[PDB]
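Every protein chain except one is present and positioned as in the full complex.
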Amino acid sequence: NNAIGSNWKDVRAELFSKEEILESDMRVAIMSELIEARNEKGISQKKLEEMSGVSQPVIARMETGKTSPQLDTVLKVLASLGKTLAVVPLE
Amino acid sequence: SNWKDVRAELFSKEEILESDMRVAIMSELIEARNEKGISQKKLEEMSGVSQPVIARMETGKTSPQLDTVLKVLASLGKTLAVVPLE
Amino acid sequence: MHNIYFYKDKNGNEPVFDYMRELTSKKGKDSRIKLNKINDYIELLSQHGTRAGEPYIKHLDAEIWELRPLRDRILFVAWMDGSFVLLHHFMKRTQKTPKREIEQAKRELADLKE
Partner (left out) sequence: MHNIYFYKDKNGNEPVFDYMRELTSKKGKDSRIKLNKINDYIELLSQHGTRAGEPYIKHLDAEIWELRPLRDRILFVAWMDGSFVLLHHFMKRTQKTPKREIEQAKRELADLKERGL
């Protein structure tokens, strides 16, 4: 076409530090487990405040809030979604 | 007796997963201060994390922030990834 | 996995990419919070298409959608096998979507054919 512009993969990299990328891929990857929960597994997030004892608002800031979670909260949550976090080699 | 077995009896899936995590960050911090030779000030240098925030990482303390944890690891060339059960 | 393209206009400037480097341009934790939130949501649109659901995406009118990071609103469209085009950007001031913004997206989807 013409008035069809940059690919995102190129605009992401002109504008973000590879670590601001890495911070994000991860944010994103978490949002992504809560999306599966909602649409695929069928777990309302009120049901996951019960399975994990994390408060409903704490869970939804993983999707909507301005700041990053402390660590445990994420473990707890992923853990009922049946996932953990692992340390792996960078790239 | 055996460790795995009396871990599972004084703990179960529960806070083992926050230990297994805390222990894994301890390792990369230890393995970095020992095997590579990388100091904790030069860790503040490469990562921008307040080194107190770093030192409270290595000790159990209570859990640090997803972000802070990822810059430190980043700059030892490691990251967190999400992975399945068992 | 789903490619995304910024709409370039006639002049040719990408308006959604114009707004982003202006987020970049400035300091303040708020600049970064926004900009991070946006960088999250487009990455989530890229990997998930529209089966992201809410809160990241509402359908609006016809083939115009909104991506919804914090209070920015980014209109995109479905595109070729199968992919999306981010049209332009605006900040929610209302509980009812300004219809003004929607025609401006329709007009941009227009330009996109040719």
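Each chain gets a letter, A, B and C, in the order it is written, and its residues are counted from 1.
Everything that follows uses one rule, which is that a residue touches a chain if its C-beta (ideal position, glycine included) is under 8 Å from a C-beta of that chain, and two chains touch if they have at least 3 such contacts.
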Sole contact to the chain not displayed, among B:16, B:81 or B:82
B:16
Filtering B:39, B:50, B:62 or B:65 for touch with the omitted chain leaves B:62
Taking the full complex into account, what residues of chain B touch the chain not shown?
1-4, 6-7, 10-11, 15-16, 18-20, 22-23, 26-27, 30-31, 34, 59-60, 62
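Quick note on the criterion: only the chains that are shown with their structure count from here on.
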Chain centre separation (chain B, chain C; CA means) in Å:
37
Taking the mean of the CA coordinates per chain, how far is chain A from chain C in Å?
20
Touching two or more other chains - residue numbers and ranges from chain A
23, 27, 67
